[PDB]
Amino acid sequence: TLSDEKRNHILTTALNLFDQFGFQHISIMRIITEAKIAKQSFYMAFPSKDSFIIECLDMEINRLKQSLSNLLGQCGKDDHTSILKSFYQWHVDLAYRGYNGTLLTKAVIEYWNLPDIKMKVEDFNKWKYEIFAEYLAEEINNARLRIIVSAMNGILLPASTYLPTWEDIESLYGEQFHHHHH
């Protein structure tokens, strides 16, 4: 049977393939040849190509959740500026890291025919708003939260331009009237 190191290696090899060529271009046999595994090892682990791709999407989502969770958790308690700057930089870094769009966006585009994929990606975007709101919903009203999170999601649109800067976002934050009544 198959070690878990090798199973996870097939998943992470494919993810690297998909990130740079997209899902359509890449077959099972291409994945098998890139990952240097026996064809029979793939099918011991994965019953179908679409089952595999759902497993890849789920590991990409977990990795983004863990990256962002950790970044926001490194900030000091109630250092809301540092949390907001971390959230901004996390999006800029994801967008600047051969980027033609995120892997999750590619999956939603490519798999209109598998409605669980769009729901998984919606669930992650809902999670990403909410962890931000958890750190900041007492310092930032709902309207500004919605604007800021959607402005960060616009940074992830491929070929996005005229990007908001950190200084732009810090102004949105600091202008808030409750910041000026003490």
Second form
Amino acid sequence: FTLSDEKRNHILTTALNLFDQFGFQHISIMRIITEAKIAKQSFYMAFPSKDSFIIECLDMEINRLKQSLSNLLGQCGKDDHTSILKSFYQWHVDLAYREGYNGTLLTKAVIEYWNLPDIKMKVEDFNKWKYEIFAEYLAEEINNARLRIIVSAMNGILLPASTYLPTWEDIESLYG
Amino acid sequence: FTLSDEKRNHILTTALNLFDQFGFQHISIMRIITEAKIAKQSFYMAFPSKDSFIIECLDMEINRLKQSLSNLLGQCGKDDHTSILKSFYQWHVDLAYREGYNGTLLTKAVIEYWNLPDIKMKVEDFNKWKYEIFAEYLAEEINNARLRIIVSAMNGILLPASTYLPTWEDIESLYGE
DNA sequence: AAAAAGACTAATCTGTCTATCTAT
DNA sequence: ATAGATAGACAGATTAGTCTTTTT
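Given the form deposited without the DNA, state the structure of the form solved in complex with the DNA.
After this comes the whole thing, all chains and molecules, with the earlier chain placed first.
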């Protein structure tokens, strides 16, 4: 009748792991219901439809990636512009350089869910946020021409089935 | 027990136009058959299953992307490395600016079919082919640290819901160094 | 015989939604 | 009565193998 946030946040986390491992298509409600040690009726007292459940899962993953990159950049010196560059590269690395990587969860949401314009907007607002939060740290050094190439090159790393990825020493030569 | 190859390409091209705008899991084979104005049994005589049809659809797209890039870089002036880099850049922007872009058809096949290992191999074979055919025309080594950044910046243009696309003058200033 | 159109079916699998059934 | 499990059940679609009729 009123799903507890202990249980409510369990269908979200269980589905997010099932979605990142596989896909939005393969993983069904019945798959998440059993693995989250929950029933089917109580799942609908907090989420009306599956499309609302996918949007809810996307906002949680976007906020997760937001805090993940926010803390990683704040651990370097304000004048150490090279440490911010390496943290930005290693952040895109530990995502793509993982076992069973088939793209980020945000890229999957834009491919399967072109029907809802709010989903592509939610991902676009984060990609713009990732660029602007990275330029906030390095605004007095790297110019906008090189910044757009740095971020676009880092986005090419997140692209699955990509070859000839730019190493850190390759990124080191761009700064100087 | 055999099918006309003219009809074979009609089922293949109809599904490709359906997948590039809607993805693989949205379009069913009953929709592909009804959209191609063909019969349901003629689809199974040529293609044994649905995954065999998808892999055949991926091989046709890669060979299409191969000739499209081989020609665009080939029609450029000989030893005009700047004009080739400009055509290589405008090629990725032309793909990302196509209406209804939710990702490359290769990216969808990789994401939506993680189970089939040969799908991830064919796209990896294409991206490996794309980087090496670019170093050939530029008279540059296959290990140029600049080249690895240029191509990866172009793939970032093909990212779904991308933003802050680098301008041509940005890619020009890199190669100018 | 060859190909090509036409539904059958069947075995399957979901999306919600009903109908209780408790323990609390 | 709240909360949460535990089921089938309506309603669609669905992929693959069957059967019929037909034109070349």
